[PDB]
Amino acid sequence: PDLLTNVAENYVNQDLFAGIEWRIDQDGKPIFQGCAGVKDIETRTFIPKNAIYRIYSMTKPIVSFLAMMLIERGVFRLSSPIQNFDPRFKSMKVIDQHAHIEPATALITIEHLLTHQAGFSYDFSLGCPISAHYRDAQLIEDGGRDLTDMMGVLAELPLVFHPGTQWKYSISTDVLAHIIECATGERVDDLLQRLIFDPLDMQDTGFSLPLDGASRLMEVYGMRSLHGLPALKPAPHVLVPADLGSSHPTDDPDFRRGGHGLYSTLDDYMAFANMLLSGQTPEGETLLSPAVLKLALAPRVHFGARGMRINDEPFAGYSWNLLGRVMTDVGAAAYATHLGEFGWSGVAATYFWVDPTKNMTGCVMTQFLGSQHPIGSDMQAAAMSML
Amino acid sequence: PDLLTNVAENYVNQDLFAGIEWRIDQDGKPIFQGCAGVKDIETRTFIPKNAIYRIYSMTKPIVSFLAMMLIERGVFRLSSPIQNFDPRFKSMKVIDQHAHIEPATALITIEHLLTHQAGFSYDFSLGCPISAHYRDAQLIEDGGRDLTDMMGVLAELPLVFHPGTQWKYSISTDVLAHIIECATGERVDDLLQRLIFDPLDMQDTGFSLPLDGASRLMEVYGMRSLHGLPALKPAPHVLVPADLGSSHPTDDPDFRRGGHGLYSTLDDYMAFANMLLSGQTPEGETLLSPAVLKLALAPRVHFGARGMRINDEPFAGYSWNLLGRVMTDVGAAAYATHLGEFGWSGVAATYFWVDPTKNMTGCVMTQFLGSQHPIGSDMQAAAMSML
Amino acid sequence: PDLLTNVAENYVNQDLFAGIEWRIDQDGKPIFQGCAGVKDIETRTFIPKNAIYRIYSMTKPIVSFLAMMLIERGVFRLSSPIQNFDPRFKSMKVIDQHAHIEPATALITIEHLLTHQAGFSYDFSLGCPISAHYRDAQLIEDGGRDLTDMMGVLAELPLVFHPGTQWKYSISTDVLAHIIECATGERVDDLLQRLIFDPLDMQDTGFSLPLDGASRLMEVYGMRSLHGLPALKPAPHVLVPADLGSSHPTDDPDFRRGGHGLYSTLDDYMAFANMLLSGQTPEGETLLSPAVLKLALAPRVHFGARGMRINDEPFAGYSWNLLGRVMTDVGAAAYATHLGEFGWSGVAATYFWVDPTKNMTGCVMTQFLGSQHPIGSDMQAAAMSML
Ligand SMILES: CCOC(=O)[C@@H](C)c1cccc(C(=O)c2ccccc2)c1
Ligand SMILES: CCOC(=O)[C@@H](C)c1cccc(C(=O)c2ccccc2)c1
Ligand SMILES: CCOC(=O)[C@@H](C)c1cccc(C(=O)c2ccccc2)c1
Numbered sequence: 002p003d004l005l006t007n008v009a010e011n012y013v014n015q016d017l018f019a020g021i022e023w024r025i026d027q028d029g030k031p032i033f034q035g036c037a038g039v040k041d042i043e044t045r046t047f048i049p050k051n052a053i054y055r056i057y058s059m060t061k062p063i064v065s066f067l068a069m070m071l072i073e074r075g076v077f078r079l080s081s082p083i084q085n086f087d088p089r090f091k092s093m094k095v096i097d098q099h100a101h102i103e104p105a106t107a108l109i110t111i112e113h114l115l116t117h118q119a120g121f122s123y124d125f126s127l128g129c130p131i132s133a134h135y136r137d138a139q140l141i142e143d144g145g146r147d148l149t150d151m152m153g154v155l156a157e158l159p160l161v162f163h164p165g166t167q168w169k170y171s172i173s174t175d176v177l178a179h180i181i182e183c184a185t186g187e188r189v190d191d192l193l194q195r196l197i198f199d200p201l202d203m204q205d206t207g208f209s210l211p212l213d214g215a216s217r218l219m220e221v222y223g224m225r226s227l228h229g230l231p232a233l234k235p236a237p238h239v240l241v242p243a244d245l246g247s248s249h250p251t252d253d254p255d256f257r258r259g260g261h262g263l264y265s266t267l268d269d270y271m272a273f274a275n276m277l278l279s280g281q282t283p284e285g286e287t288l289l290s291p292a293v294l295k296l297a298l299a300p301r302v303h304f305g306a307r308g309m310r311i312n313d314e315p316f317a318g319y320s321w322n323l324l325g326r327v328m329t330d331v332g333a334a335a336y337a338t339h340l341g342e343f344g345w346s347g348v349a350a351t352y353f354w355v356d357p358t359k360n361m362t363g364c365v366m367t368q369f370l371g372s373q374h375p376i377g378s379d380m381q382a383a384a385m386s387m388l
Numbered sequence: 002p003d004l005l006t007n008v009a010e011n012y013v014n015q016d017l018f019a020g021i022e023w024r025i026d027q028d029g030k031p032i033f034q035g036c037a038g039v040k041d042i043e044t045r046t047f048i049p050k051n052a053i054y055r056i057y058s059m060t061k062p063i064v065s066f067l068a069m070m071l072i073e074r075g076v077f078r079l080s081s082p083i084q085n086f087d088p089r090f091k092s093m094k095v096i097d098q099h100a101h102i103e104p105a106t107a108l109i110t111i112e113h114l115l116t117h118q119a120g121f122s123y124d125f126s127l128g129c130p131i132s133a134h135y136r137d138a139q140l141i142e143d144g145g146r147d148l149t150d151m152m153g154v155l156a157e158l159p160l161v162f163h164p165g166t167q168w169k170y171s172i173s174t175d176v177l178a179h180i181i182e183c184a185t186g187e188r189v190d191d192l193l194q195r196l197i198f199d200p201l202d203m204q205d206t207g208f209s210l211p212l213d214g215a216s217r218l219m220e221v222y223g224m225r226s227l228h229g230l231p232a233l234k235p236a237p238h239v240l241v242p243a244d245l246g247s248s249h250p251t252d253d254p255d256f257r258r259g260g261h262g263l264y265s266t267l268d269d270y271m272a273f274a275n276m277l278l279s280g281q282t283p284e285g286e287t288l289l290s291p292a293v294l295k296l297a298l299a300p301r302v303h304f305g306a307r308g309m310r311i312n313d314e315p316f317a318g319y320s321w322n323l324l325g326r327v328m329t330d331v332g333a334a335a336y337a338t339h340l341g342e343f344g345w346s347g348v349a350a351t352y353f354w355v356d357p358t359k360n361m362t363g364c365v366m367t368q369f370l371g372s373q374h375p376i377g378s379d380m381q382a383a384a385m386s387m388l
Numbered sequence: 002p003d004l005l006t007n008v009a010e011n012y013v014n015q016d017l018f019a020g021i022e023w024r025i026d027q028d029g030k031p032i033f034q035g036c037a038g039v040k041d042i043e044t045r046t047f048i049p050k051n052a053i054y055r056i057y058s059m060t061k062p063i064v065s066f067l068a069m070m071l072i073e074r075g076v077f078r079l080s081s082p083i084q085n086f087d088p089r090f091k092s093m094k095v096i097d098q099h100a101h102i103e104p105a106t107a108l109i110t111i112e113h114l115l116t117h118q119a120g121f122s123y124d125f126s127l128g129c130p131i132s133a134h135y136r137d138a139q140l141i142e143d144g145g146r147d148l149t150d151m152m153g154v155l156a157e158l159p160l161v162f163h164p165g166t167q168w169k170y171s172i173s174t175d176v177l178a179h180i181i182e183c184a185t186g187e188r189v190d191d192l193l194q195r196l197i198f199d200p201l202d203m204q205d206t207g208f209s210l211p212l213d214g215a216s217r218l219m220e221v222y223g224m225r226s227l228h229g230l231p232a233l234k235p236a237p238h239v240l241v242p243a244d245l246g247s248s249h250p251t252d253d254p255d256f257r258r259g260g261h262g263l264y265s266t267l268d269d270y271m272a273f274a275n276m277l278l279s280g281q282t283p284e285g286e287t288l289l290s291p292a293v294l295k296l297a298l299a300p301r302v303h304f305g306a307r308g309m310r311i312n313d314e315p316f317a318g319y320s321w322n323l324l325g326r327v328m329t330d331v332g333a334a335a336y337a338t339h340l341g342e343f344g345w346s347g348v349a350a351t352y353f354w355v356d357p358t359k360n361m362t363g364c365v366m367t368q369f370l371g372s373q374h375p376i377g378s379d380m381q382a383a384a385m386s387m388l
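Protein chains in written order, with the deposited numbering: chain A, 2 to 388; chain B, 2 to 388; chain A', 2 to 388. A prime marks a further copy of an entry chain.
In case anyone wonders, no lab produced these hints; they're calculated from the structure. For every residue, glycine included, the Cβ atom is placed at its ideal position computed from N, Cα and C. Incorrect hints may have been included.
Chain A regions said to be covered by chain A' (calculated; three or more residues, Cβ under 8 Å) [said to hold, decoys possible]:
no.: 1; region: 29 to 38
no.: 2; region: 271 to 279
no.: 3; region: 288 to 296
Partial list, derived from the structure: chain A' residues whose beta carbon lies under 8 Å from chain A [unchecked claim]:
no.: 4; residue: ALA215
no.: 5; residue: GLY332
no.: 6; residue: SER386
no.: 7; residue: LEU388
When the alpha-carbon atoms are kept at most 20 Å apart in a straight line, the in silico PhoX-like pairs for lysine-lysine are as follows [stated by the list, open to error]:
no.: 8; chain 1: A; residue 1: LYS50; chain 2: A; residue 2: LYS40
no.: 9; chain 1: A; residue 1: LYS50; chain 2: A; residue 2: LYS30
no.: 10; chain 1: A; residue 1: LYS91; chain 2: B; residue 2: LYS234
no.: 11; chain 1: A; residue 1: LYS94; chain 2: B; residue 2: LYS234
no.: 12; chain 1: B; residue 1: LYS359; chain 2: B; residue 2: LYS30
no.: 13; chain 1: A; residue 1: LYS234; chain 2: B; residue 2: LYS94
no.: 14; chain 1: B; residue 1: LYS295; chain 2: B; residue 2: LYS359
no.: 15; chain 1: B; residue 1: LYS91; chain 2: A; residue 2: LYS234
no.: 16; chain 1: A'; residue 1: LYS359; chain 2: A'; residue 2: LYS30
Can you build the whole structure from these sequences, using the hints too?
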């Protein structure tokens with residue numbers, strides 16, 4: 002039975018998601034694919050050809066992969082202190098939950114940024130000692146502010162632990178994008194275009210819409226908390242269009258970020274995921290060598306009893322590598338997977354995975370902010386069960 | 002020599018405080034007293050007779066003393082669960098710095114409120130997992146909100162540790178004032194009037210100015226942070242009149258709190274401090290029996306090597322009793338004192354102490370919010386050096 | 002692209018290294034090789050044919066390999082107490098950072114020497130409880146002193162931990178060379194010649210220059226700290242010829258050491274590295290059996306959270322075996338590698354590796370003391386990326 006269709010259709014029929022697309026490839030070619038629902042429930046327009054999604058933190062594996070290419074090319078290395086490229090990050094301080102502030106005892110490195118061990122936090126982090134000051138500064142909300150300028154504001158705030166000593170999912174991929182710009186003298190969006198998107202023919206992926214993109218953009222549903230104040234409990238899961246404020250412009254030619262902000266399509270993201278099986282384009286051009294791809298995918302952050310968590314949500318059986326999650330214990334996993342399955346996901350419920358043991362990739366595209374329902378993992382589980 | 006005058010005149014002559022009054026009594030009679038500076042630097046009006054000060058958390062020993070009287074009279078007991086008097090405090094939750102929320106595993110008691118071990122926080126607590134939600138609710142800022150209603154809003158928010166398991170200086174004295182009202186059916190300001198202020202002849206003490214009070218109210222100086230966002234470093238110490246917003250009304254007949262909000266005078270507060278040497282009025286009427294006064298003053302919360310801290314500011318060598326600080330190790334103390342010295346202080350730099358070994362009481366009144374200079378401790382040390 | 006050339010040329014063009022040679026072999030034959038820069042910037046003489054390098058601690062894997070040959074031949078064993086061969090090492094003492102001295106509670110063994118777990122330190126060790134006494138004794142500086150005589154002076158000084166209980170990179174390979182002499186009745190340089198260099202046709206490797214060697218010796222650049230006092234921060238990385246004092250003679254026929262002092266060439270060192278893939282010469286003569294080579298290469302010292310460090314510089318993902326470093330966690334590694342990659346390096350920035358998973362060896366020869374730039378690891382990473 003087509004478990005993937007059953008999951009997606011049940012989600013649409015229960016009024017939980019407006020529209021869903023999915024594709025699963027094996028050996029670089031589609032084996033399962035489908036769509037359910039509509040572009041938007043207001044007009045019930047069908048999902049268009051080459052529909053466009055805000056992929057939020059599925060931007061991070063792309064920007065991280067770019068960083069690995071630059072490491073391979075000698076621009077910087079994992080151990081490089083970021084203050085060597087932007088001195089505004091010299092002399093960081095660390096704050097704790099008891100109001101105590103002290104100088105950081107270790108320099109932030111490229112590796113710390115890629116592993117979320119740098120001590121940064123995030124505006125929406127509930128209970129965080131510093132996230133109120135991120136929100137006051139509007140680091141995420143003010144999407145119109147140039148990346149270079151956002152970093153200057155961020156650099157003045159304290160970290161929430163000494164670099165290297167803990168893990169916390171964070172704005173550090175945005176720092177990484179900025180440090181890439183400092184190190185190369187180029188803009189991160191131009192680098193992504195030349196080094197990744199153009200070689201993989203990802204012609205619909207970028208920080209602004211294509212000229213014909215407005216009619217292809219999927220509507221985004223959900224509730225963003227008033228003033229950005231982190232919610233103490235989930236809002237009701239209701240299909241109401243979300244207000245993104247100025248956080249996610251569609252046609253700002255200077256908007257670029259490391260941790261979110263890309264628009265993409267199912268087809269484009271599958272080209273990226275399939276490349277991660279080998280480090281090569283389908284024509285055989287190498288984007289990253291096998292040795293550095295192995296360095297990027299090896300489990301690098303290991304977690305204690307409570308496991309990997311983001312705002313206390315678990316990622317059971319997962320460790321962290323330089324690009325995102327990686328399954329390191331199927332016996333601890335909460336849904337079907339295989340050892341070494343890796344990938345990431347975004348807050349509008351987009352999700353992808355790469356499963357080297359099956360030469361398999363998969364991606365689910367939808368637009369629902371802060372879903373109470375783990376559609377991405379449900380679709381991965383369905384696809385795993387259908388092999 | 003008169004070190005007390007020297008300290009006070011130096012502070013005034015360095016443009017650090019506008020006006021200061023102090024008195025030190027021994028055996029219930031004044032032994033040192035003085036005044037320095039002016040009511041306000043704008044007009045340089047002289048400090049009036051019976052000048053009036055916002056005493057902020059010097060409200061807490063008074064409200065705590067009232068609670069001990071009510072315990073003595075059988076209204077409730079230290080072990081009483083506060084949910085027995087207001088069921089809005091049933092089913093509390095606890096939040097941590099990792100965004101994890103769970104049910105409280107102990108009920109909040111009267112003793113927890115008096116010792117700041119209930120798990121409540123404070124709006125201005127820097128780095129606190131929940132203070133951002135206090136600020137969003139304007140618990141402290143909205144002084145026009147009735148105490149009973151402010152408590153309903155607070156009760157819906159999580160604690161930051163399980164009741165009884167830690168110490169954190171907090172809004173719990175306001176909860177105590179509210180629970181007093183629940184338990185007695187009377188208002189806390191009326192109970193304070195009948196049980197404490199009138200027997201001690203504290204005719205100028207209350208939550209609103211006396212009829213002839215506006216001309217005697219000292220000006221308040223200092224910088225309250227924008228939006229109440231807790232500052233990451235001290236603001237420059239400058240004598241600029243402070244803007245209190247709607248947090249501290251002068252003529253609201255329903256304004257009443259437990260942790261702040263009283264107006265008082267040097268002479269009134271000394272009457273209260275002298276009473277704490279015996280539990281008796283000067284006429285010999287008992288406000289609190291010797292046994293319950295001993296219960297209230299005995300060291301009750303003991304601190305680790307980090308010591309007692311508020312927003313990471315230390316109270317070196319102090320433990321906590323049911324009314325405030327108490328000196329338990331002169332060899333750890335950071336300024337002159339004796340074993341058993343007790344008292345408290347307020348954010349506008351008012352300060353008092355009681356020293357049973359010398360039958361001594363002292364009080365410094367001034368108005369500077371968030372002083373970088375610990376005038377209260379400096380004046381205590383001067384008085385200790387003189388006796 | 003030729004990443005190796007790009008790295009080397011960038012280092013020369015940025016005035017960071019005078020001259021660099023490299024070679025990478027696979028299956029015993031060169032696959033990548035090159036050179037950049039000059040022998041010396043003063044005259045800009047090109048790097049000569051068979052250029053000679055001071056290889057410093059790349060002496061250690063050679064002397065360690067010699068020790069394994071002697072273990073195989075029954076001269077001594079890993080568990081042999083060194084005091085059995087030189088009684089000046091009976092009755093060692095241990096000093097700590099609190100000035101406390103006590104007798105060592107374990108005897109130093111051959112294995113302790115090969116693993117730097119014997120408790121010795123090094124003259125240049127910053128912050129070390131005993132390195133000031135090494136410097137006073139001029140153990141490293143006085144290169145004219147006979148090895149046998151240096152050992153007598155060293156033997157009178159305390160260790161910095163009990164043998165076997167910790168790891169600290171040390172003068173212990175020099176102790177090993179001396180104990181080899183005691184055990185065999187032969188000089189270490191004669192043993193190296195007969196057992197290793199002559200079988201591998203390493204005709205330019207030794208503790209003094211060949212008769213035609215003076216014109217082939219690469220100039221050495223960098224700053225040695227005045228009086229040998231360990232620096233608190235890196236000196237500026239500037240190409241100024243280094244003053245080696247009497248630490249590294251070119252034509253002393255009795256100069257021999259275990260931890261440094263060899264002159265070699267790229268070609269000679271690659272013959273040694275290639276032999277470590279098999280324990281055999283290219284003609285198939287066995288220098289060390291497969292079983293004892295496996296014993297020598299197996300990870301033997303494992304490190305805690307802070308990892309393997311020398312003067313606080315990290316070797317991320319590396320453990321220690323009887324010959325040097327060995328990669329035991331690619332997920333912790335700071336630059337491209339494979340599980341089981343091993344080798345060592347020297348303070349003038351020479352570096353080599355052996356990668357059994359690729360049947361690969363590599364060596365970078367240059368002369369810069371105390372480089373701020375990890376040229377050896379950069380070149381390894383480049384070569385790994387080019388496979
Ligand atoms: C996957 C990428 O998520 C992010 O990193 C940032 C960019 C982000 C940006 C804008 C809006 C949100 C939320 O709507 C939200 C966050 C937390 C809880 C509920 C909703 C999150
Ligand atoms: C001593 C009693 O002050 C308190 O602890 C609480 C009751 C309180 C209540 C109302 C206003 C403020 C401030 O204005 C303020 C707090 C922190 C920094 C600067 C200003 C504080
Ligand atoms: C790899 C072999 O390093 C050694 O074991 C010893 C022989 C050594 C001998 C002579 C000079 C130096 C330094 O120049 C130096 C040491 C520490 C920091 C900066 C410079 C080191």
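Hint by hint, here is what the structure shows:
no.	hint	in the structure
1	29 to 38	violated (count 0)
2	271 to 279	violated (count 0)
3	288 to 296	holds (count 6)
4	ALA215	violated, 35 Å
5	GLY332	holds, 3 Å
6	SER386	holds, 4 Å
7	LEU388	holds, 7 Å
8	A:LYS50 with A:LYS40	holds, 11 Å
9	A:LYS50 with A:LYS30	holds, 19 Å
10	A:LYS91 with B:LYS234	holds, 18 Å
11	A:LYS94 with B:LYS234	holds, 12 Å
12	B:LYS359 with B:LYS30	holds, 13 Å
13	A:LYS234 with B:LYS94	holds, 12 Å
14	B:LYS295 with B:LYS359	holds, 17 Å
15	B:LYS91 with A:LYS234	holds, 18 Å
16	A':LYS359 with A':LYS30	holds, 13 Å
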